[PDB]
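Colleague: Single-letter residue listing:
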Amino acid sequence: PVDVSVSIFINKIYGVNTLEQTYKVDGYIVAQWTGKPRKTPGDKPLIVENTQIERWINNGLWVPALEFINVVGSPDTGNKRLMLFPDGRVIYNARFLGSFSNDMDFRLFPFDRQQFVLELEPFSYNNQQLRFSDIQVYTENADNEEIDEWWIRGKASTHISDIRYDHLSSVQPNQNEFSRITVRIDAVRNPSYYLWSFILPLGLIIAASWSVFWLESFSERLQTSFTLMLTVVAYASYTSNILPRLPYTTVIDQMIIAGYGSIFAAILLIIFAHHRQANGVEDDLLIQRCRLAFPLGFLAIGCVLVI
Amino acid sequence: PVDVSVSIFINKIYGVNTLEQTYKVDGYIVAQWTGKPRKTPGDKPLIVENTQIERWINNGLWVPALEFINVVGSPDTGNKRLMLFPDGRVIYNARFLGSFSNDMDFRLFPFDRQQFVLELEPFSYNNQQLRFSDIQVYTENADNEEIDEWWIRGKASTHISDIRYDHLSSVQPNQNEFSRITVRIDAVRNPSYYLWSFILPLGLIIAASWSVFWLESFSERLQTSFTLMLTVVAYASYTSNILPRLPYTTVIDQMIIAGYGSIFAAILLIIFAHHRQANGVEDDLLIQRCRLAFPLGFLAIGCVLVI
Amino acid sequence: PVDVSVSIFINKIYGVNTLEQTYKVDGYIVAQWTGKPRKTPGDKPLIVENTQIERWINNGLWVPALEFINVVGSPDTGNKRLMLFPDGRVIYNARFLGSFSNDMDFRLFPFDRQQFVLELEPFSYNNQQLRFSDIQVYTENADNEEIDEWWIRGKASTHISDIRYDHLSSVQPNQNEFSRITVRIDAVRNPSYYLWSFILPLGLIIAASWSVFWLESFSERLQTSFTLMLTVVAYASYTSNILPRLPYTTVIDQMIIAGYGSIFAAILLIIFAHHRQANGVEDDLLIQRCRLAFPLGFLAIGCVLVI
Amino acid sequence: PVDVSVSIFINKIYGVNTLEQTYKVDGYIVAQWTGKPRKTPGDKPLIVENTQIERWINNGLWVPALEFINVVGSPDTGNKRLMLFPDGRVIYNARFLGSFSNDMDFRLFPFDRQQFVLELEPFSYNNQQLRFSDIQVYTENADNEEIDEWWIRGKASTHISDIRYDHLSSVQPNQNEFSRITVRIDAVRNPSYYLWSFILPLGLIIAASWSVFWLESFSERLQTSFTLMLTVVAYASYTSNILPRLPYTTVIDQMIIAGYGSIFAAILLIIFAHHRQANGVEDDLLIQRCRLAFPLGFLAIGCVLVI
Amino acid sequence: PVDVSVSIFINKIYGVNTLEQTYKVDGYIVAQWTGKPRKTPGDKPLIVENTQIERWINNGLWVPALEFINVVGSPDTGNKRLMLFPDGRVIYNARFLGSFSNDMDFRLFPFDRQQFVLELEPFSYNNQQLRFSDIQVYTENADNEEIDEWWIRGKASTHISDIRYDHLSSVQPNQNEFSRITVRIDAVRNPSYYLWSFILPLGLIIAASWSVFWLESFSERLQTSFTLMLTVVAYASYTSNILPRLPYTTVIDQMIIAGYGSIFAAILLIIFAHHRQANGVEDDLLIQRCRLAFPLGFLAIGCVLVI
Ligand SMILES: C[C@]12C[C@]3(C)C[C@](N)(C1)C[C@](Br)(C2)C3
Ligand SMILES: C[C@]12C[C@]3(C)C[C@](N)(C1)C[C@](Br)(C2)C3
Ligand SMILES: C[C@]12C[C@]3(C)C[C@](N)(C1)C[C@](Br)(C2)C3
Ligand SMILES: C[C@]12C[C@]3(C)C[C@](N)(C1)C[C@](Br)(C2)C3
Ligand SMILES: C[C@]12C[C@]3(C)C[C@](N)(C1)C[C@](Br)(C2)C3
Ligand SMILES: C[C@]12C[C@]3(C)C[C@](N)(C1)C[C@](Br)(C2)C3
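Sequence order for the protein chains is A, B, C, D and E. Every position in the first sequence, counted from 1, becomes a number in the numbering used here once 133 is added. Every position in the second sequence, counted from 1, becomes a number in the numbering used here once 133 is added. Every position in the third sequence, counted from 1, becomes a number in the numbering used here once 133 is added. Every position in the fourth sequence, counted from 1, becomes a number in the numbering used here once 133 is added. Every position in the fifth sequence, counted from 1, becomes a number in the numbering used here once 133 is added.
Hints are not guaranteed to be accurate.
Same chains, same names: a pair is fine if it fits in one copy or spans any two.
As the list claims (entries may be wrong) - With a cut-off of at most 30 Å between alpha-carbon atoms, the simulated BS3-like pairs for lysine-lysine come out as follows:
{"no.": "1", "residue 1": "145", "residue 2": "157"}
{"no.": "2", "residue 1": "213", "residue 2": "288"}
{"no.": "3", "residue 1": "213", "residue 2": "169"}
{"no.": "4", "residue 1": "157", "residue 2": "213"}
{"no.": "5", "residue 1": "288", "residue 2": "145"}
{"no.": "6", "residue 1": "213", "residue 2": "145"}
If you're looking for bench data, these hints aren't it; they were derived computationally from the structure.
Isolated chain A (complex conformation):
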């Protein structure tokens, strides 16, 4: 039962793909285990680079495949290194870049909380043969958060476990349990850009929408309100070409609907003001004086929806 030490160096976590629920992660893996001693020039340890490694395995070297469970496709592997010690122990080293998968709820975008996840598990050897002794995760990052899209807030998670499969092969006595390394990183979205350039002008759209009411005439009140729709729709497209594609509504997505409603409500009100009467033009001078009523009556719908 080989105790295998692992260490993951996270260099960059970037390129989150919103629809696929996918992100890319650059780094190095370091795997070590103690086999039993080998002969070698002097009393040195050896360095074995890239192409010369399989030359070593062809002569019967056991170098186990350690698989990234949650990666999408095969990872781009840079330089690889075998360090063979005289006492027996063996360092495997490789740089990697791969696209990883994980469940990502974006409903409350751009205020979403997500976590970048790594899961490592040997491909061919169960826990009785190859199991992970201990694991360090080195995230060489700090400061300059206000420039990055994602703010790592935690440091790094680490969890060695045993996973068993009950539906198998049909070798069963104990080829059921593989030891699995899982790395988690909590990160928060930098909401700044969407706040000041998307949320903020939207509010100004909706507010100024309501000021259709301090128009004097009815025709003005109604006609103008159409120009306002033309406006929200226009604001929809500007939002939509640009915001990341999803299969469910975000916060902003709703705000737009809220825009549409605010108004459709205003259209009905404007017609009602005019046509609830005892003559014809009995404008409910207080319902037309929903001048400061309904802008706040819109806040009732907004903060109830916070609950």
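Keeping the supplied structure of chain A fixed, place chains B, C, D and E with the ligands upon it in accordance with the hints.
Modeller: Here is chains B, C, D and E with the ligands on its own, set in the frame of chain A:
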């Protein structure tokens, strides 16, 4: 006639390409068959990973090529494992990610119902040489319907068959028969997002389309409807740049056609109302008060395209 | 002069790239020719898949390179199979996916008819050496044209010809003639979507444009047509996001020009009626009574461009 | 000093990447030189394709690396062929699809004409070791420019020179001059589509912009001009989605600005016209019929950027 | 401690990826060092290109792997050359295309200054085995900034330093030592297109925004003002569709915000003016005379917001 057991592990199904009638699938194939009994180190089964598999094949290990029939181009194959047993049987283990094809009808979008399909068939060995014994597909799926894009309803459907090829080699008697595994997953689209954010606002527009009829003046009636047609056009672009690429109209696309018609029909009435006569300035007192005549007339006809 | 029979299996034709004049084709090549008698294992044929084919060539099996003339870059080659017969003949089988080139006129879009073409020609052996005996191409044809972007209508033509190069290397006597396979597939674009979501609404825009003439005031007539000019710009971009990139005008693109033109023509008429004059007020009430005139002529000028 | 004859067969030039300044080229390289007399099967020439070439080199065949100086990344290598003659001479043949770099001016878009360039230069051998004897470039060209994106009008140019590198290896004797083949192909952009679907309508817009002055009222005159501001802005977005992203203004980019200016200048006139006064109402009695001044006044200025 | 020469020939820097903090670099690397004296063919140096290098390493040749630390994924490598001189020295030569990462602030867009960084560091050899002796960087770049995306200003800075990694595999004395080459290249963005086609028209809108107060009536003063909101929105989409996507505000977007803001305050005034009163209609004849009041108050903030 070699009996080969197969097992498919579906890991992620994502990236539906609507035009290419294409979807991406991450998973594993497992193939096992009984060979001639061998001598392994000790007496334990012997494990052979990646690079040395080719070495084993080159010295004569029969590993049949199993081709995915409906894959587009050759797929990203991860790790390969040969597990060689002393009793004879051989266990093939390999991870894959591929683009797969199937006829996919999207006309009833976003209410479309689909089935994701896999087809596996040996490349060079017919049914009299290589035969598919049995097939289980392990689809590690459940829950979160609500939140992500596709709702699986099936579990894993299956049909092992013999395929007859009419036009061949220079082979004669019965070697036109290949055994093929076909794996099916029935699935439904989560229409929530398109319902609330696309269908709903369109309705408010078409609702507002009709609100031109509560305008008082004639000049007011026609100028207004032009801004209103401009508005539906504005909505089309917002819609189209976002919606999936297709070669036919969706349900949504029709709603848009219905929008234009609504307005264009409204234009005809308004002009018709004004210049048909019996003095000169004959406002048809009833026809203009069709204010909620055909808006329900859209609700009647809309609920007519039903079937 | 080795006689080589070939067969092409057309699996999918997709992804027409209009500017590159490029489309994708998935399939198989089957090359068969008769070699010198070999003594095989047992007496039935020996099959060589993928990896092992390369080692057979190194020890001197002649497997001629067959290149796709009209492919863009090298094709994604799938499984490879060498089937070696005892009477001598050898059958090569390989799966491929590649992007192909051909002259593709898209002017009559969305009614363009194309032909997807495969041209096969030996790389190193001219017809004195390697000759194409015959070729059938099996298209996986039938039904569901209405769900597909392209409607294949011919069942492909085929003609083996000999192609001669006047301009060569330092080879002399008659090594300037190569035998070439040409596969043509007649295909038409599915016009449904482009008709109903693009042509139809556009027609109504141009029509409703003309109803500017039923306005009573001059001021209205002119400030109005600016909204309409605003609409054709609007309709263009909506078409523009979507329609395939070209270096020439399409049919739709023409319709848009006439739209711009129709209103700019209206602007001139509207002003002409109004300010050339005997008066100030002398809109020739019959020249402005081109409300139903100018629509007849748009079909006259419209149906000539069919010329 | 090995004399090497080279010939390039140009198959297709496509995919101009405007921001990267790169275009892709399909074709073949043909290089020939004389080696030392060899023994061939019989006495006929020997053909060596792809896989077997690698092995000829291990046993000591001198195959010089000819590098594309101006390629971006390494090119897609198709089939390779060695034709080995008994007297010694050698013919190298390869298909390529490559990403090429060259300086490209787009300021005068869409009327730009460019020259596509290839530069070939040995990777390891100076001119005294390897010298380029001559180069023919065969561009299989003719006809239907009207369907293609680019109109090649030249017939391919040729330039062999010696290139000197001042700074070093540090093998010094003369190290420093490599023989370089430079190939140029002159081409013009097909302006047809950009003329009729962009230039023409922009003009009608700017033209109709001037139609604001034949309005009788001031409010009509000023309010309307806002719509034209919206129209030019609308036309801006419509243009920008389609046009090539660049780091400088094109002819069209300016033509748009000319629109903005024509309208913005009109605004100042219209404002100036009404309120700088001797009464309240002092529209300068002849300045409001600046309806025919400013349009030709835009044309004099338009004909000014001659320069 | 092996003394190693390095030389970097940069022929292209392109493809700045704004969200990923990424840019591409094409060039060649040259590394040389002195080994133990060798027996070469004849006595002049032997050149080893591509394929034959693997053969040389198998005979026990030490060729060190030099890694680009700040690359994302592995570089696209072209031709490789070994220059083996008889006295011991060895010179490595290779083409590369790589995607590199560096901290990149884009807030001051389009007036940003950046620096492109290359970091070279041995993969397996610490400072007392392999040391970087010296480094020249050849920037074969010059002139014609007129036309390219970036303006190089420096001549690249260079700094070899010793990078020590804090913790280990357990050896303490001095094996935590790596020599690192850092190459810096200063560059500035060409603001020309973004100034003239984005900043300038934006300003005229904002200018013309203020143009609502020379309107006579209140209803028109207010009705028009909604059109300006729509126009600023319209300009947002046009800008955002084309501008590079980022996670923070640029200069231009701020201008857009100020655009929305300038309009919203004017909206407040137009209402403020009319209905604080002693009748209903006594328009503060002084506050719609704020016609050049706060355009300068906006320009004062424009002058001040630069500090
Ligand atoms: C038993 C396992 C199950 C798994 C899903 C993952 C693995 N690491 C262990 C490899 C396989 Br082939 C076999 C498939
Ligand atoms: C006979 C077959 C036909 C096929 C289309 C599919 C296959 N599995 C069996 C392989 C090929 Br090469 C030969 C092509
Ligand atoms: C003589 C030929 C000409 C060709 C265009 C096509 C081919 N099959 C025969 C190969 C090449 Br290298 C030589 C180029
Ligand atoms: C609503 C919009 C607004 C815009 C400025 C940009 C667009 N993408 C959406 C197209 C137009 Br025509 C309509 C003009
Ligand atoms: C001496 C040269 C200089 C060059 C820029 C181009 C080349 N063909 C000759 C290869 C290199 Br590595 C060496 C770099
Ligand atoms: C010890 C090192 C540390 C490093 C960050 C960089 C390197 N060149 C030396 C490779 C690794 Br894997 C190990 C990671």
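Colleague: Find the hints from earlier in the document that the structure breaks and name them by number, from lowest to highest.
Modeller: none
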